[PDB]
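A single chain, nothing else alongside it, follows as structure tokens in the form deposited in one PDB entry.
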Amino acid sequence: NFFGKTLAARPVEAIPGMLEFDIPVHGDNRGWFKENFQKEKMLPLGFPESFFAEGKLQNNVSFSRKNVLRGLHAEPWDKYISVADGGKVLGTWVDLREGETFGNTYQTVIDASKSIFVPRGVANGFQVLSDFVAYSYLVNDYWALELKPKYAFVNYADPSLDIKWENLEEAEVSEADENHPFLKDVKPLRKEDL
């Protein structure tokens, strides 16, 4: 369930606006290639035109080792998340938008054959499952002081979240991520904050 998939998108019903994509990966264990993002094909599958509305683009990459656990961060921009190497992560999302889906969750394994569109307001995180992973994402806005109040964070280890991690005991977590508020102390992101 890795090579040769048809390019396709599925909405995540618990988190409005999120999309999971199957990405065609061609080859085998020795090497492969993919079109990780293709704007002309992905728009008709539901990738939102609003992603492109301001003409802003940034691609970040992090290279991380097994058991690293980052999150859960709702940064004030949309994100398209992918894996660029042979690794894999347990992707994890918690909706922090005010409304009937506040606190809703989704989890899936992200590898080179699966990508995820995450709307602004949905907190993102991952735990690295493979020995290492190249985690490559696109965003549609740039850091600005005025955006600082528009972030929201929730603690990866709040046991009331409808998520589980692969290896909570051996997780390698930043000091900041250890100290994010539990869900009960998150101020839901209002329409004015998005």
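Numbering follows the first chain given and starts at 1. We call the rigid core whatever largest set of C-alpha positions still superposes within 1.5 Å between the two forms. Only residues modelled in both forms are compared. Compared with the form deposited in another entry:
- Of the residues listed here (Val61, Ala144, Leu57, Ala53), only one shifts its CA by 2 angstroms or more between the two forms after fitting on the rigid core, and it is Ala144.
- In a rigid-core overlay of the protein, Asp131 has its C-alpha displaced by under 2 Å between the two forms.
- A movement of the C-alpha atom of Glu35 falling short of 2 angstroms is seen between the two forms when the two forms are aligned on their rigid core.
- Under a 2 Å criterion for C-alpha shift, the consecutive stretches of 3+ residues that differ between the two forms after core superposition lie at 28-30, 143-150.
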Second form
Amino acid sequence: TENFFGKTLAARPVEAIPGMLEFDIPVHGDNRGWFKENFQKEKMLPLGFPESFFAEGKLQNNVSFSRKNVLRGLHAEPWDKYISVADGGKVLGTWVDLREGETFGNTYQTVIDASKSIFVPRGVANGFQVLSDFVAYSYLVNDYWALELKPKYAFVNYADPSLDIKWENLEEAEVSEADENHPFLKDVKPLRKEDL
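And the form deposited in another entry, for comparison with the form deposited in one PDB entry?
The following holds one chain only.
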């Protein structure tokens, strides 16, 4: 459903990217603000949130704070991600499947705010562009990043025009030096089962 407040917790797969799940999150508001169970393990497993997420006992919660037009992305590190927005902001979420197979290069985009979350399987590149004045982007992962290991990780350039995606403002996107220099899709080695 579309309403911000009072949704039933529910999940829907994304047809073009196997394993991806889009969730409606219940948010309850009053005069003071609002409250959500952003992630609730017991309730999300029966909806298809994969038990394999928890198999290694690894957990990290990352948070970024970004202004309008900031674009972060296409990142496909060897871990799963559960993505959401923790404040009143919104982003255009964007995904490109980098797994070896019939879905290599498939894409999806959707607007994320505090009432929506996304499960992104390892091997699918994650990104977003900030639509609101600012946003708090909070996500859970199940393996641990190291600066030194970044050469081992998979990335694709947000600006590669052969990708079937449309950013809100490509030309004035506010980006890192790293995201400027990631390889185009044709130079990305598709991720095999054994690389994940």
